[PDB]
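First, one chain by itself in structure tokens, the form deposited without this ligand.
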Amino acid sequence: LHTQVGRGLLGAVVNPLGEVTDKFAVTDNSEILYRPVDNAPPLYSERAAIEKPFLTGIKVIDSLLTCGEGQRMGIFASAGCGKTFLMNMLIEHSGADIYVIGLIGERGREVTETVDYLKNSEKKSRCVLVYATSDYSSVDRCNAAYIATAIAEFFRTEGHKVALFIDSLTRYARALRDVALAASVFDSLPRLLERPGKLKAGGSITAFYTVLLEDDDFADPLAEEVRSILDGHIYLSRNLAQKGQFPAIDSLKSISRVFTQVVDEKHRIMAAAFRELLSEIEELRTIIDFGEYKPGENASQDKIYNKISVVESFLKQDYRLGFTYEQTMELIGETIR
């Protein structure tokens, strides 16, 4: 019912029972307090409208899928699509005050991977990790997502800009199913997913939920439902990954529904002009695969063809590099000229 919260948890790895099991960092603060894990969602009059962008340092996100402070974003991907590396980039290149990571994973390796990453991360002293392996019960796996959320909710009350990561919603929903077997999956899923947001009287929780996909990016009832509740979704396509494009974000099938609210007019114009260029490039790729493209026949197709290298270089991003908003808008400008 209750877990420990506070700045004393910064740098600590917390198990599904609320105790500190490991540390990836030591902090100056020893503040430890207790709040209930089943907190009520914010009332509608207590939430602030999402108007400020949540900068991620990833070019394709910040330019075409701009997140907002208080937004809940879904990340849809199959295995081997760089989901974890995109998570690391969001932690490493964004500018949040505090990062709270909740692993509803399976094997102890996956937990140690993030612990080893955090131990060499620059955001080390601002991160809290909550984990739940496959060895833990279905109740403990569910409580992990709740403990991580309650920890994030305290830092928001203190006024901090918090970024919450739940990996994954799929395994949380599975554990939540077996919970009800003993007695939307109940639904108890929207309760967890409507707790983030920016509060008028405090800070914000910008939440990223991962949803696992099967095969050719197949969205089972799990993925379609979650897609409807959140304020947008980033989708990592398996085919962009095998082509060597990282991050494997298919921007044409991804969206941030608060995009028009968090960027100005000149940004919106550039983003629309670039998305049209992406649509033109995909229309040429299928013409090329059909053997119907020969240079010099269509001046419009030739102009689009010579833009592929410029567009591909903008989309790709080394996971160790982060870009400012101004750099992104400057790069997106040179691409559509």
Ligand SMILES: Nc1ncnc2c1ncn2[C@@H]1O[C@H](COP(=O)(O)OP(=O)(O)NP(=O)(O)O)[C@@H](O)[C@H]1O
Contents of the next structure:
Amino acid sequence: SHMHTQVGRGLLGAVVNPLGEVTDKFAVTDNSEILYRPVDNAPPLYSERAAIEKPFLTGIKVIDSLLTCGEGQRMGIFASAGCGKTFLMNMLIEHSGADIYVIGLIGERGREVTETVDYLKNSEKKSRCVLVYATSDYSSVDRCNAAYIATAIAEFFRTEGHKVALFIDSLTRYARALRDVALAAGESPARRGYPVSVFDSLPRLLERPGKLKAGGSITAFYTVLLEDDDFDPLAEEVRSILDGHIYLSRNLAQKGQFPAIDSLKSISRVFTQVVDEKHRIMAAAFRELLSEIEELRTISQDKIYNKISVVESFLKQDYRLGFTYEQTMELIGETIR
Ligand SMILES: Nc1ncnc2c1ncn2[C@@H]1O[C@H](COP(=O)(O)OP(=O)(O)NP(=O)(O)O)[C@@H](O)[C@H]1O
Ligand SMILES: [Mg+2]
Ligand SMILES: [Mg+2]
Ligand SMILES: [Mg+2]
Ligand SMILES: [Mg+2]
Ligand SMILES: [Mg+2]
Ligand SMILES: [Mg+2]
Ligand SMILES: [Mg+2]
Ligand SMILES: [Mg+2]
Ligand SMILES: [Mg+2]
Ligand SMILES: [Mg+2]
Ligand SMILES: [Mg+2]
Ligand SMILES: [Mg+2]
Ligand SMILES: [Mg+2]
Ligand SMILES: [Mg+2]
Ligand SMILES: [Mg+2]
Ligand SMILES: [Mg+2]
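Based on the form deposited without this ligand presented above, generate the structure block for the form solved in complex with this ligand.
The next block holds the full complex; its first chain is the one shown before.
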């Protein structure tokens, strides 16, 4: 692919379609830097990467505490329908502290793209975001390119030295679109209706993020849309390529526990290397308390029972609230004492 796309501070505040034109704005920005960069870009050389050591603070208590992210990390978000994945995304943008946010919405309905644009228009981060989208009326090629364009905009901000958060919602529809392109090129379905080339191409896309020795980072969140145990190689491919997954539980969602993150089914694979030992001990104590609260949910013992409302109160977090690290750990501290 020879296609270049616009990059620069000029795009901050902009809503961009798969063809590169601006079709709405959620903020206007003084700078009008516009340059061009390729949408196909190799990931960094291993020699160019910095170790993930500094946390990417989300402002989300259950994550910052039990599933701490690292700057330069790739994190999966796995969710079935209506478990609040879009709100989680909005939260991760709002309550974090990145310099730049780049969002890529792939094959969503026009109503879904407008929720996000509506969200940005009302957010403090508006001056810091770029939104790229391909609504469901767009072709497979356009859905794919929307993901590349988004990544390429993040890449440019990273080379500038910035601390960038990339969001791709969803890889599921990205892979479906990539599949159709492959089928139309005459490729054969391998195992599930996907030709083998779409899974083979995934590492190249999903390894473009990361921390650079030279300065700057992309921390990336990729959503994977789950069916209710219906017929999911894509999820297991993504689980294996990223370094962590946040699982959204429908049980917790219907129950009202938002964000419906199931810590037992989630992991950050950089956890240990981005939090100190006091955090680790405190977090592991908290997980012990959790698994002890689940032993009760099978229907001293009464003491952990009284710890439930304070725990649930720790987990639950209205999408409009953000918590500092100190606030979150302060709260963890109280539930384990
Ligand atoms: N943290 C939260 N605080 C408050 N309300 C929440 C929260 N999370 C979810 N909700 C509620 O749940 C809905 C959020 O749905 P949404 O975030 O779009 O999930 P979704 O998985 O993206 N839906 P879909 O994309 O079509 O599968 C809203 O109608 C809210 O009322
Ligand atoms: Mg850029
Ligand atoms: Mg453009
Ligand atoms: Mg280094
Ligand atoms: Mg955990
Ligand atoms: Mg939604
Ligand atoms: Mg969103
Ligand atoms: Mg819809
Ligand atoms: Mg169209
Ligand atoms: Mg098509
Ligand atoms: Mg095969
Ligand atoms: Mg890295
Ligand atoms: Mg890893
Ligand atoms: Mg939430
Ligand atoms: Mg609340
Ligand atoms: Mg608060
Ligand atoms: Mg903080």
